[PDB]
Structure formats: C-alpha cells, structure tokens
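Worksheet: the structure to be examined is printed underneath.
For this depiction, one protein chain was excluded, whereas all remaining protein chains were kept in their positions.
Read from first to last, the chains carry the letters A and B; within each, the first residue is number 1.
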Amino acid sequence: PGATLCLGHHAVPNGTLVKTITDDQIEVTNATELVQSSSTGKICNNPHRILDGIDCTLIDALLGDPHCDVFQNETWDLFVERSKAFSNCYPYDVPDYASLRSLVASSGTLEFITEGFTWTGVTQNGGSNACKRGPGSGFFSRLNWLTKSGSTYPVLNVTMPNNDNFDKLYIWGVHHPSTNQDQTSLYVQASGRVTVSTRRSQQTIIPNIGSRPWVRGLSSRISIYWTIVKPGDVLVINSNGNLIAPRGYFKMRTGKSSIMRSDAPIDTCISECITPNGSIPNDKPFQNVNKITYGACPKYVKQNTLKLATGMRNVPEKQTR
Amino acid sequence: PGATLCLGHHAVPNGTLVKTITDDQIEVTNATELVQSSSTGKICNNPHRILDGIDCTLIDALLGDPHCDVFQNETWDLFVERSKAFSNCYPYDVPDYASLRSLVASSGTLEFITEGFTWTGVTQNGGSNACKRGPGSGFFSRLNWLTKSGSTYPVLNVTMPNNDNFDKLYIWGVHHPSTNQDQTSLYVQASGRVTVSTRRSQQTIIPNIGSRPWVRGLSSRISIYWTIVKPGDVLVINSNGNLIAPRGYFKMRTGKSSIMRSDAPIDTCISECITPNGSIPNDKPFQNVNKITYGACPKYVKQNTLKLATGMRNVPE
Partner (left out) sequence: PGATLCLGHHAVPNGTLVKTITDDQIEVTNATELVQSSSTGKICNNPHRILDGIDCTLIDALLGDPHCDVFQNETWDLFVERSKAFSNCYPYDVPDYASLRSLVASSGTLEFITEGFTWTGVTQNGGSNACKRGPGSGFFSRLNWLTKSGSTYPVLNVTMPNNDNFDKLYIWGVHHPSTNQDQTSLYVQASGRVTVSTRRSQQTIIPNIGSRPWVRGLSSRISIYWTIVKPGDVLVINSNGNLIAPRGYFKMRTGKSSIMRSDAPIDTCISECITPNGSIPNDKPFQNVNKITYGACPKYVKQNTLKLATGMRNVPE
C-alpha cells in the first residue's frame, strides 16, 4: 500500500473575463480596471488654484467689464469659464480672440501696472451708457477712450520704453463709429488711424464707419488688439483719431496656468486631475471621462474598460449540473 | 522484438518568410498578408453617396459658375474633384480658399435658400462677358452684383436675423476694379468699403483698384468671403460701393461628408473604403495604397508587405 501526492492550483467560484493575444475573452481568477470611467461631478479646489469666472469670461475680466471688476489683479492655475458668462460693456470684437485668450490664460495673471501716458490735446476717460459703472456711464477699466478737446484732436505720438526685465502685454483698441456724424463729432478728422509699433513689428488699423447689430443701444463697435514689448524694446502709439488707449500693461509670466470651459461646481477636496466633468482620480493609467484635462491625468482612450489579469487562469471543476 | 513510436510535425516543400523579434526572415508553413497594396482603380458608388464634380470644383458649384448650375442643391457623402476642372465666370480669388472648401465639403450640401434683401437705390443683377449665360452676359447665380442707379450709390445698410435652428452660411464678395474710371463709373464713390458683421464678429474689406493678369477679358477681380450666422444671431451688411451681395444663405449640416481629389472613374460596386487611387478592400488592418482615405479603411503604413505567421516553423525533409 503506497501513497498518492497530487500537485494543483486554486480556483475561485466567480472569475473575470480578460483579453489576451489569442482570446478576446478568457477567464482568470482576478483582474483590475485600468480605465477611469467616472468622475465626482465636482472640480476639487486643491491642490491647484482654481478661479471661478462666474459671470465673466477671461477676456471680459482682462478688459475690465464693470461686473468683472472683482477679478482685477487675480491669479490662477486654472481659470474656469462658465456657460452663463455674459458681457455688459461696450460691444467689442477681438480679431484672433482665441490667441489672446490663450496667451493670457497661459500667463496665469491679470496683474496690471498703470503707466503715465501723456495724451496732449484730447479728452480722456470717455464713457457710455452701454457700460454702466455705478449709476452713470462708464467704460472698460483698463482702457482709456480718447476724444477731441475743444475743436481739435491732434496727431497723438507717444512712447513707453520697457526698462524692466520682464515682458509687458499692452491691450488697446480701435473705435468704429456707427455714422460719419459720430466720427467727426468724436474725433474731428473724417477718417482715423491707429498705428502701434515696437522696433521690430507694427500693426496699423483703419476704422470702418457703419452699422453693426444693435447691442445695448449701439451699432458702433470697438476692436481689440494687443502688443508685447520685450525688455529693451519700446512701444510707440501714433493716432489721429479712434484710438482706445491702454492705461498700462499686464505683467506676463510663464508657468503651469491654463483655462477650461466647465459648469461643474467647485468643491473642497483634493485632486491632481481636473476635467470639465469634474475631477477624476489618477491611480489608473487610462481614462475615458474627457479628452480635455488639466494636471497629472491618466491618458484619454476610447475604451470604457480594460482589464489587467491579476491571477491565473480559472479552471473550475466540471459539474454534471 | 519491440516497436518504435515517433512524434512529429508537418512541413511543406515551399514555406513563407516572416519577421520575428530575433529574425528578419524565418520560414513558416503559412502566413497571411496584413497590408492592402492594390486597388481596383475605380471608386465604388456604394455605400457612400459619390458626387462627381466633372468640370467643376466645389467652390465653383457653390458660387454658381454657369457650367456648374447642374450642381444646385446637390448633396454628397464624398465630393470628387477632377484635375480637368476649370472656372469660366468672373475671375476671383478666395482668401482662405482651403477653409471655405473644407467647411462646405463637410456640410455635404449646396442647399440654398433665397432671402428678400432690400437694396434701396442701386441697380441689381450686374453681369459680365466673362461669365456668359445664354446669348448674354451673366454672373454667379448665388451672388448679386450691385451698381449705381442713376447718378448715385447710397450707403447700403441691411439686416437678416437667423430665427431658424440651423447655421446659415452667407457667401459674399468685394469687387476690385481695374481702373479709377471703372470704380467711379460703377459705384460713384472713389473708394468703396464692405463691412459684414454679426453680434460678436466683423470683417471689413477695402477694395484695391489696379490690374491683375488678363482672365477672360478682365484685369479686375472679385474677392470672396463668408460669414456663418448661428441661431439667434443676426447678419448686417453695410457698404458704400464694391459689394457683391449674397442672394440668400446655404443651409449648413454636420455629418460624415468630405471631399477628395481623384481622377479614378466611378463604378457600380460596393466598397466601404475609398482612396484617390480607387476603392480598396478593408479586410486587412493596414494599407500602403494612399494616405488619403475616406470611410472604414485600413490604417496607412509605409511597408508594402507585412506577414502574420499562421503556422509553425517549416523544417523540410
């Protein structure tokens, strides 16, 4: 009478199906999920500095639309723009809006430094009932609407050197009156011109008189432009009418700052990865929540699930049942 | 006296070469090709709706060049532009031609809806011998060349709101006369201007008087522009000369439509994948026919062959 010694391995009652080279479905004892497919629905307020735009786009906060005044000098890692945002100042357009929004978002700051521009022979601080600031007419806080003084608008020719060791961003504009009467009444000259230049570059804009769609009482518009002045360079502004002047410059920075469109609420929690759907955990290497992300995030993939086997092949005893 | 039992495997006299981790060439009993390297030379007319441009580019069909009038309100999944296509109307350019072509191709339709623009104090329906319709002069069917009425061209100022639930594409233009005499003769004012705007954006174009190369009798030109008006927005057009006015809008869609340059003939057959060389089968995961494709297609790779082994190592006798 001898003895029997059998070698074997475990099995479990409920295995999981995984994919391999040779099988699209085969059963193993256990597996783990590699795709993050859910979010909290909330943007965590740490560890990144989140700035909720509320009723304001970044551009409106930049220009200084009065209901956006609370954003003066703000900073962010991620500026969050809401679908409820609205403009409530002079109607405007920005040629290459997308680029201005991008470069400001990336700079991470609206830090503004006022400069002593000398505008000889014109009236400063023009305002409109389309841009109410308290009970009276007003204007974008960072811009200076220049108009005639007495019976003249002389050729403006002013300079501002950059003697600092950082880049200066200047935001300026051009006023497009609705009629010839408006043009001559504001600027004397029948056709204006704005030329803004540095040593190496220049932009010249001719205003265009005529009607655009009525917005807050006005068929006129302002067009917004920008100019970056590097250390050792100089800004020159030259105009015989229709200039919407800068009051100063924004300080440019580089770093980790960006902007996101989302309606998710901001909550008190901690998450490295942010999507427009809300924050997601980053323990998994892949995610199917949103291709738009900010921070340390899993890579976006199209699959909603991918199972990595964490055990052997599951081979139950055949039952006659 | 015992017995011998030998274990073995098959072989064939002529195997096939495959690549592995350790070998560039190793012989196995069988393999299958993973790169589609051939085409029929023909574009199959199913299952995608193919519209052959013949003598017309998509942009000429859009503007309404007279030899392209047969394309009015046509639709497609894939518009096919031929190298023989030509223009035969007023000479024009489109700044950002590529974008206009792309967005129209993608919309998949030339469906045009006329709108009642009121152009007070100007003559409508200008024509040219460069763009013949029948025995007379003519013009692009979707555009309205405005000129002076009597001795004046007043400031034109019109509006058109978008109260529908779809995007409206408006095509319009600016006329660049060859001389000052032409400018004043057509528009009275010595310098024109066209401003087309919505609530949030605007384009302003100043025409430029002078000669360009002679095309069908003319050194003048038209420049073509577009404006998309979304639901709830409004179009305003403002001009004191040189406006080539829209007659209406094109109804925009989104979906699977595109455009391809090809000279391959269209045939009656079925193929999911189309290239400029013709349709290709899509049973293989890769293809080396053309990086330009439309439909359910193998991915383009640089290799002209890649063999997947479907059998063991071949060790012949």
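Simple rule for what comes next: a residue touches a chain if its C-beta (ideal position, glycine included) is under 8 Å from a C-beta of that chain, and two chains touch if they have at least 3 such contacts.
Looking at B:20, B:99, B:185 or B:208, the residue that reaches the missing chain in the full complex is B:208. Across A:114, A:185, A:204 or A:310, the residue that sits in touch with the chain not pictured is A:204.
Interface residues of chain A with the unshown chain, by the touch rule above, are 157, 193, 195, 197-202, 204, 206, 233-234, 236, 238. In the full complex, chain B touches the hidden chain at residues 91, 93, 176, 206, 208-213, 215, 221.
The rule we apply is simple: only the chains that are shown with their structure count from here on.
Taking each chain's centre as the mean of its C-alpha atoms, chain A lies 32 Å from chain B.
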